[PDB]
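Fit chains G, C and W with the ligands to the known structure of chain Y by using the hints.
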Amino acid sequence: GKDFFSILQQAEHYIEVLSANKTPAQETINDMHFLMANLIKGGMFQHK
Amino acid sequence: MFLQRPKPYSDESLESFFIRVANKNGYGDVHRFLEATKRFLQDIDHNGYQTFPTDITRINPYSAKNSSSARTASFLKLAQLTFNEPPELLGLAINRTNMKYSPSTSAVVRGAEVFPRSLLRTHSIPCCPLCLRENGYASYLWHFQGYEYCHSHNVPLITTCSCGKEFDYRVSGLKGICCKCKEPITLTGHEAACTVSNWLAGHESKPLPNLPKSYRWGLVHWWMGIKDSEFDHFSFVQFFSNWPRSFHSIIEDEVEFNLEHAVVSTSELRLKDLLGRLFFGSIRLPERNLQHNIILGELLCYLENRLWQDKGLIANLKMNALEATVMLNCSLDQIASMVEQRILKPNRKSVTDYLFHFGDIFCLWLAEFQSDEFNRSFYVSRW
Amino acid sequence: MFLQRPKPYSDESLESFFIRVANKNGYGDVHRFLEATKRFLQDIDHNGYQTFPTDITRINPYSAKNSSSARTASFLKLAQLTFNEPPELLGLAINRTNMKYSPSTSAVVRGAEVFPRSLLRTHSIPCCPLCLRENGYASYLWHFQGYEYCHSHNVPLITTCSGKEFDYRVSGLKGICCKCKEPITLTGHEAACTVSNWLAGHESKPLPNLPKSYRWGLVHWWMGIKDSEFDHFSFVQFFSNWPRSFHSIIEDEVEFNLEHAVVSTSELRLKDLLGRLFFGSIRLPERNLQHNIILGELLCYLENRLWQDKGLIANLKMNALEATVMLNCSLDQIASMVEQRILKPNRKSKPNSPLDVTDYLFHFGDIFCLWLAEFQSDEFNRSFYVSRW
Amino acid sequence: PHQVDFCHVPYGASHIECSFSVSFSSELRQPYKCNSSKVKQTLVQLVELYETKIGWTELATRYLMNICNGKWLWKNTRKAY
Ligand SMILES: [Zn+2]
Ligand SMILES: [Zn+2]
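Protein chains in written order, with the entry's author numbering: chain Y, 306 to 353; chain G, 1 to 188, 193 to 354, 362 to 394; chain C, 1 to 162, 164 to 188, 193 to 394; chain W, 73 to 153.
Same shape as in the complex, but just chain Y:
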């Protein structure tokens, strides 16, 4: 469950995990780091 489009399927979860006043786990910020870097690389996240 550590590809890109899988951790993008959980972006709604990450929104609320960040939105909490408490800091998130180290692994989840690693997941979000990879997600942000994959956005920085840009590309096509489509399913035709």
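Keep in mind that a hint or two might mislead.
Calculated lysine to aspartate or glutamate pairs in the DMTMM-like style (CA-CA distance at most 20 Å, straight line) [to be verified]:
id, chain 1, residue 1, chain 2, residue 2
1, Y, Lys327, W, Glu123
2, W, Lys105, Y, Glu317
3, W, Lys112, Y, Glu317
4, C, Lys315, G, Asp45
5, G, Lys175, G, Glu134
6, C, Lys182, C, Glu134
7, G, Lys353, G, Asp337
8, W, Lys143, G, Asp45
These are calculated hints, taken from the structure and not from any lab test.
What follows is chains G, C and W with the ligands alone, placed relative to chain Y:
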């Protein structure tokens, strides 16, 4: 580069070795030394180029997945290319192994001694702060969930100090200073566990047997196999206090309860039902070396003597072919070749169906599969 | 019926035990004795009811083909249903073993010690008539082609007397001849005495103190080097300077197969260069590197020279069916190791991984290292050889 | 006609310069396309909340490190003084 090694110990964790070779030659912190060796493996072309670890927590090859080969290559090169005299750097490395422990659990070997993976302290590894201060190195045994007292100081291992609410030498530096407050870390059924921990190191203890230090952890993992969790040292030492008596009582008590509480009658009773957990939970520890695997030895001895006691109730226990391939190391292919050659007796004519008894398979193992160490003569001349 | 055994000797042939228990209780001839026990298992329910042998020579369940299980069952049944004190009967029965020796040769286990079938004396077993008359039992060692001198008497084992073929299973453990009635009184010796003594668990200092099972592995291996004709002086000299002799042998072999290699170096395989030695020492009795001393030294030599000449040894081509024997695993487990990319298949099989188990695809160095982690088993361990001479 | 090429440093060459130009830009703030705005919001807000909670310093550092040590010079530093 060129380094000098310090006073090599036998029982010294690899991370401890890298600490005391970093802080010996030229480096302030061991992390810098890891980057230095990575640059070294850059200079001389290599494959550890990429995957050589720079965090100290993950140096042992069991940490890298699909890169353990490269890390052992790296340690080999380091050992004969970077020191005035070659160190035994690879023998200290905890790496995986192919052999399992009896119920579906993998194992990790260090030096000549293979431990179960079930007890490895994936995190929060303790320390003997005294032994740190005197010897100056971290013994490997601290990594395993049996070694709960220092076999040399009979002190419980300090896992968390007061200054450092959790401590480990892999970040400390083989010295007594906590993470937050710089100060000596040295603080503090005791004997019921001290003997067990001393016996876990290569040593002797009065109630526990003189098995190879690879089979001692096998005993421990088997005990946790009986005691569904919670390895306590007292029940262990008292269980080995009356050794041939306690285990015989155990197999009797487990065997008698199964025979009453069995839901299907005697002739179709199977051996994973009766003697189900003991037999297959002892069959492969470090290995079925009957001289060392004292548990399987005693179990097979007890079964052999009572093979024909009650209508041969033991002997005529149906075990499926796949359980014969475990009882005697073999392939379903090879037992198939044996039964079509008419070596075994598939009681009903005509592959994972229960078609063979225990007795015909036990005598089969006696006849055609008795190995060098998986050998009958090791247990018959016992107590 | 009820039997009793005299002075149970641990180092004794099964046939000899049966002889000295037949003559002890009530039987003048052993044939009647075995016949009587066959009937004793006749009235009893058993499966040896059919295939039980009456010939003394063919009782050891390695002679029993397709029926060793039933005969071992019979042996136990007697060991607990026929004696005052339980006899060590199944302990002396030389029988089949699933394990094998180095090149495709089966093995026979007796007690705790397993021997290569290749040296078994299928026929014409000798005897030590001095030992026979003095002891009254025939040790098992007389069955094996290595034991040709008696470690107890320094006398060569005799096969025939002036009785033109003497055999204990047909004589009766006495000094008497085949076609004449008289005793058997008759008879590089020193290089053979040490070997034949060391072949029983003992110490002959020019020979290693390995478990007595790996000693027969050594002898079968030496038969492997010199294609046949195991003679003891070559053995004792090859082990006189042990950390030097095998080193010279392996050095000369690798140099010879390198010099005359019909292939370049980048494609030089391990099968040709260093082929007979490695794959001929990988399982002498089993690959315990503490005992399997020759695999131990060969692996030490190769490790100490993995990267010597731009990776000569290291870059040696190895096939999957050679990885499966250098480090115990099935080619399906190797498939699982190479889809997990724990292995380095130097050539790309692009579509869907069609596993070719025969094409030279891995490097030896990268398989030696893969043995050093992921496969260093209990005793097949590196730390056994490195801390040696 | 396999045409294998060979680029070696000339004989008297004192050293060798390698020039390039890398541009960081804020093109990750808004998706270049989202045929469904409902997902565009949850990504622009994702980026905003990431930046607020765990600032850009980690990705920025791990990029600028590759820039500032020779890592774009892929293999040309194996044997370099
Ligand atoms: Zn200590
Ligand atoms: Zn003799």
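Structure-based check of all given hints:
1. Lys327(Y) to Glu123(W): The given pair, whose Cα atoms are some 15 Å apart, holds under the 20 Å limit.
2. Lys105(W) to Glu317(Y): Distance of about 19 Å is within 20 Å: holds.
3. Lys112(W) to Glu317(Y): Holds, at about 12 Å.
4. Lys315(C) to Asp45(G): The given pair, whose Cα atoms are some 11 Å apart, holds under the 20 Å limit.
5. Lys175(G) to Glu134(G): 10 Å, holds
6. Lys182(C) to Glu134(C): Given pair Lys182(C), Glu134(C) holds - Cα atoms ~19 Å apart, limit 20 Å.
7. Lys353(G) to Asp337(G): 18 Å, holds
8. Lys143(W) to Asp45(G): 16 Å, holds
Every hint, counting from the list given before, is met by this structure.
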